[PDB]
Every structure is written in C-alpha cells, then in structure tokens.
Amino acid sequence: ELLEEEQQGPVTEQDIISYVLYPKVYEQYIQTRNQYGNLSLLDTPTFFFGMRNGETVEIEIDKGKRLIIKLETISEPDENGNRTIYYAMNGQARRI
Amino acid sequence: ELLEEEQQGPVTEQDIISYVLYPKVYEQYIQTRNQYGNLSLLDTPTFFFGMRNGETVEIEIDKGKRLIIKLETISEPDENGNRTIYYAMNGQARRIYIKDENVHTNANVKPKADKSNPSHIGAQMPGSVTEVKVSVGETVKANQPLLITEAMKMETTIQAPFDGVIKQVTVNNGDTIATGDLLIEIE
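Residue numbers (the numbering used here), protein chains in the order written: chain C, 1 to 96; chain U, 1 to 187.
No lab work stands behind these hints: they were computed from the structure. Take the hints with a grain of salt, since some may be wrong.
[What the hints assert, rightly or not] Ranges of calculated distance between the beta carbons of each label pair, as one might list FRET restraints: (1) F49/U <-> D62/C: 50 to 56 Å; (2) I17/U <-> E76/C: 47 to 53 Å; (3) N106/U <-> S40/C: 37 to 43 Å; (4) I68/C <-> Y97/U: 21 to 27 Å; (5) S128/U <-> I68/C: 30 to 36 Å; (6) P45/C <-> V103/U: 56 to 62 Å; (7) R94/U <-> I17/C: 51 to 57 Å; (8) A107/U <-> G81/C: 44 to 50 Å.
No residue lacks a Cβ here, since even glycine has one placed at the ideal position from N, Cα and C.
The following block holds chain C by itself, in its conformation from the complex:
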C-alpha cells in the first residue's frame, strides 16, 4: 500500500523486499530515478564525468533506438547562479 501510495501505480514484489531490506536507500533511488531516469544505459565515462565541449555521445535506449547528444558549450553562471548548456539532441537544438 505504502509504495503504491508514494509512487502512485505499479509496484513489483522486487520493490517490496528492496524497500524492506534498505528503506532509506530504496526511497533515495526512486527520487533519483524520478529525476534522471534509467542511468544504467549511460556509458561509464559519461556517467562519472559527463561530457566535454564538442563531444558526441550515443546511448542505446532499445534495439535500434538510441540518443545522440552533442554538448556545444556551457555558459557563465547568471545572477541566480545558473549556467546554460547548449545541446544538440536527435537533430534538435536544446537548452538546459
């Protein structure tokens, strides 16, 4: 009940023991997954380090599905302390 109330929907028997065995950790894994998604798919050097300027990285999402990302530049922090990363993803200009 508790997991199906926190997450609101699908919960497996794997989720249940995972929570019982590691309450704090399971929960924290969900918060991270909610934010960044499936991090297993990223390659290790991209996972630990991110990306350099003018780099292109492939991420195999499925059979014949993959993300193509190019990191162009990163801006200087603004007044709020926020930097603008200029991206190119799947032939589409993107800003984060």
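Fit chain U to the known structure of chain C by using the hints.
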C-alpha cells in the same frame, strides 16, 4: 566614374568631394561601411565596448525599425582561435564567428581525434608543440617526422604512419596539446 566602378553604383555629389578632400580616409570609410554597416546608429557605450554576457541592447535603425540584440555566451576559441558568439536578434537564434587576437595561442581548444579513423593522428600525451614540420597539402613518406612536441623537458617527434597527403594541421609552434587531441590528418 571612379567611385561608381569601385562601389555598387549609387554615388552622390557629397560622396565625390568627400573623396577628393580625403581620398584615403573616404576609401577607408567605405571599407568599414561595407564590413560593418552604419556604425553611427549604435549608442556610444556599445560602439566603444560591445556587449557583456547577458546584455540586451537596442539599435534605432529608423522610425519603428530597431534591432534588439542579446549576447548569450562567448565560446572558447577553436584551434584557429575563432570564438563563437551566441546571439539573439529580434527573437532569432544567431551564431557569429570572431577571430581572437590572443598573443599566445594556448587558449585554443583542439577537437578530439577519432580513434577508429586511421587518417586521424592524436596526441599520445600532454605537451607543447615545439616544431611543425609539414603544412596542409604536402605529400609525405612513411616514418617521416611531421611534428615535434615536448612532454616534460623531453622531445618526441610524431611521424607519418603511411604514404599520404596532409588534410589538416591543427597546431602551430608553442601551442598546448592534451591527450587525444587531433594534430594531423593524412590520406
């Protein structure tokens, strides 16, 4: 007859005595006018200083006609020392390339070599370029020295892996190099 030949076509009487009076200066005014447009329309602070990161500026072109320009970011220089300015003009994304007058080209970022491409020669480890021995469009033998780099008070020359022609040299004398930097391309 002279001025109309040089320029596009339209020349006024005011153009003519402006030349006569100040030949070289008038001819310079035209070269700048052809390069940058009408600078007198710029506000003075912008005219002398350009723009700071994140600044929005207005240029009164005429009644109801103005340029709203925002300077978003200035990139690090490429191997040629060309910085990419990220602009916003009248709600349109815009990119402009400007050559940086460095002094020493140690701020230049070289693209990484493609390790699967045999044409691409990459830097084995970090150093500085001591001597460039080839230029673009030069046929070279196998084992021919084509770049001398210094690591840690140690010189190690880079040589051609096969017979071929140089497509690009991304480095000049005194430039810093990093592990994996593209340096040469050959056929």
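Structure-based check of each hint:
Between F49/U and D62/C the beta carbons are some 52 Å apart, a value that agrees with the proposed interval 50 to 56 Å. Hint check: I17/U to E76/C, Cβ distance near 49 Å, so the stated range 47 to 53 Å holds. As the Cβ distance of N106/U to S40/C is approximately 40 Å, the hint placing it in 37 to 43 Å holds. Taking 21 to 27 Å as the suggested C-beta distance range, the pair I68/C and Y97/U conforms, at roughly 24 Å.
Roughly 34 Å separates the CB atoms of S128/U and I68/C, a value that falls within the hinted 30 to 36 Å. The hinted range of 56 to 62 Å is not satisfied by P45/C and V103/U, whose Cβ atoms lie roughly 34 Å apart. Range check, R94/U to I17/C: about 55 Å between beta-carbon atoms, so the 51 to 57 Å window is met. The given range of 44 to 50 Å is broken by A107/U and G81/C, whose C-beta atoms sit roughly 25 Å from each other.
Hint violations for this structure: numbers 6 and 8, all remaining hints satisfied.
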